[PDB]
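Chemist: Below, each chain spelled out in residue letters.
2 protein chains.
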Amino acid sequence: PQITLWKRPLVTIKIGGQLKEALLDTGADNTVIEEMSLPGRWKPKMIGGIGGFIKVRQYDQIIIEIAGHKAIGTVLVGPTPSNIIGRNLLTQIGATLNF
Amino acid sequence: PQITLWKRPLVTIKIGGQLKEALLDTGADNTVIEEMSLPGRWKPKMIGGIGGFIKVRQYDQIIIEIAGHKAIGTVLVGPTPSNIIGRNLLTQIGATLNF
Ligand SMILES: CCCC[C@H](NC(=O)[C@H](C)NC(=O)[C@H](CCC(=O)O)NC(=O)[C@H](Cc1ccccc1)NC[C@H](CC(C)C)NC(=O)[C@@H](NC(=O)[C@@H](N)CCCNC(N)=[NH2+])C(C)C)C(N)=O
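One line per chain: the protein sequences are A and B, in this order.
According to the deposited numbering, the first sequence holds residues 1 to 99 in order.
According to the deposited numbering, the second sequence holds residues 1 to 99 in order.
Heads up, a few of these hints could be off.
What the hints assert, rightly or not - What the simulated footprint calls covered on chain A by chain B, stretch by stretch (three residues with Cβ under 8 Å from a Cβ of chain B suffice, anywhere in the stretch; the number is not a length):
{"hint": "1", "stretch": "4–11"}
{"hint": "2", "stretch": "27–40"}
{"hint": "3", "stretch": "43–53"}
{"hint": "4", "stretch": "67–81"}
{"hint": "5", "stretch": "92–99"}
Claimed, not checked - Estimated spans, in silico, between C-beta atoms of each pair:
{"hint": "6", "chain 1": "A", "residue 1": "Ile63", "chain 2": "B", "residue 2": "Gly17", "range": "40 to 50 Å"}
{"hint": "7", "chain 1": "A", "residue 1": "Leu10", "chain 2": "B", "residue 2": "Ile93", "range": "33 to 43 Å"}
{"hint": "8", "chain 1": "B", "residue 1": "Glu21", "chain 2": "A", "residue 2": "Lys45", "range": "23 to 33 Å"}
Said to hold, decoys possible - Here are the simulated EDC-like pairs of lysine to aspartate or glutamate, each with C-alpha atoms no more than 16 Å apart in a straight line:
{"hint": "9", "chain 1": "B", "residue 1": "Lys7", "chain 2": "B", "residue 2": "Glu21"}
{"hint": "10", "chain 1": "A", "residue 1": "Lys7", "chain 2": "B", "residue 2": "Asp29"}
{"hint": "11", "chain 1": "B", "residue 1": "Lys7", "chain 2": "A", "residue 2": "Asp29"}
{"hint": "12", "chain 1": "A", "residue 1": "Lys55", "chain 2": "A", "residue 2": "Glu21"}
{"hint": "13", "chain 1": "A", "residue 1": "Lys7", "chain 2": "A", "residue 2": "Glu21"}
{"hint": "14", "chain 1": "A", "residue 1": "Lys45", "chain 2": "A", "residue 2": "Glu35"}
These are calculated hints, taken from the structure and not from any lab test.
All C-beta atoms, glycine included, are put in the ideal place defined by N, C-alpha and C.
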């Protein structure tokens, strides 16, 4: 599809059996998902942006469905104010910026 | 042009007559630039991100060239870890996310 930017680009994702809404963010290197009991091993991590850093748990090899497209990669889980799909996943679904 | 996301989507912008580099960011409502002198009246504002809130100066109706495409609108200047071109200006140059 083609997403215009008049409003935040929100899509439905399916992660670990749960369907959610996440922001497609070209300025995010990583994918950050809201607090959730995901099964599996994880590593403690810290990520930053505007305002500072937050503590997250890093899960690798996660499978996620972005608007009907499958991708597999690292997902960071923590108290983020919003679910964010970073470039790590965006590249796997062939997303581009056009103008 | 068509920009893939294997690398950060960085472009050269010009503001106040000074060249700069910035990140095309679909997950930002606004355009934030690192602290600099910009001619004009500005107002105190607060914006938030992944790590919290930061104080910025709001500059209304500023002229800016992004990758050679002209935009005129609000630019916020503050302690950002990276220069960011948000949706308010991305819409002005006709940018859309595609996949
Ligand atoms: C229109 C009026 C707005 C008023 C104002 N609005 C806001 O603050 C809105 C919600 N904020 C935003 O849109 C802000 C950007 C600032 C702005 O646009 O104003 N967006 C953001 O901060 C979004 C996340 C987000 C989006 C929506 C809601 C909440 C959070 N992140 C943008 C950000 C860009 C980065 C280069 C600094 N990316 C990140 O923070 C990601 N982090 C990373 O990718 C790290 N690996 C690297 C960080 C440093 N980068 C670098 N050196 N290149 C991500 C994994 C957290 C508020 N006061 O009410």
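Chemist: If a hint holds in the structure, say so; if it doesn't, say that too.
Modeler: Okay, the hints, checked on the actual structure:
Using a Cβ-Cβ cut-off of 8 Å, 5 residues of the stretch 4–11 of chain A lie near chain B, which meets the minimum of three, so the contact claim holds. Counting residues of the stretch 27–40 of chain A whose beta carbon lies closer than 8 Å to any beta carbon of chain B gives 4, which reaches the threshold of three, so the coverage claim holds. With a threshold of 8 Å between beta carbons, the proposed coverage of the stretch 43–53 of chain A by chain B holds, since 7 of its residues qualify and at least three are required. Counting residues of the stretch 67–81 of chain A whose beta carbon lies closer than 8 Å to any beta carbon of chain B gives 4, which meets the minimum of three for the stated coverage.
As drawn, the stretch 92–99 of chain A meets chain B at 7 residues by the rule of a beta-carbon pair under 8 Å; at three or more, the given contact holds. Taking 40 to 50 Å as the suggested C-beta distance range, the pair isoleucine 63 of chain A and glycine 17 of chain B conforms, at roughly 49 Å. Checking the proposed 33 to 43 Å range against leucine 10 of chain A and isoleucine 93 of chain B shows it is violated: the Cβ atoms sit about 21 Å from each other. For the pair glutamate 21 of chain B and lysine 45 of chain A, the beta carbons lie near 27 Å from each other, so the given range of 23 to 33 Å is met.
Between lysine 7 of chain B and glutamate 21 of chain B, the direct Cα distance comes to roughly 14 Å. Compliance with the 16 Å bound is thereby established for this hinted pair. Of the supplied pair hints, the one linking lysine 7 of chain A and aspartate 29 of chain B holds, its CA atoms being roughly 9 Å apart against a limit of 16 Å. Only pairs whose Cα atoms come within 16 Å are accepted, and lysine 7 of chain B paired with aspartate 29 of chain A is accepted, the gap being roughly 9 Å. For the hint pairing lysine 55 of chain A with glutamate 21 of chain A, the CA-to-CA distance comes to about 21 Å; that exceeds 16 Å, so the pair is violated.
About 14 Å separates the Cα atoms of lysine 7 of chain A and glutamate 21 of chain A, which keeps this hinted pair within 16 Å; it holds. Using a Cα cut-off of 16 Å, the hinted pair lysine 45 of chain A and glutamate 35 of chain A holds, with the two alpha carbons roughly 14 Å apart.
Comparing the model with each earlier hint shows violations of hints 7 and 12; every other hint is respected.
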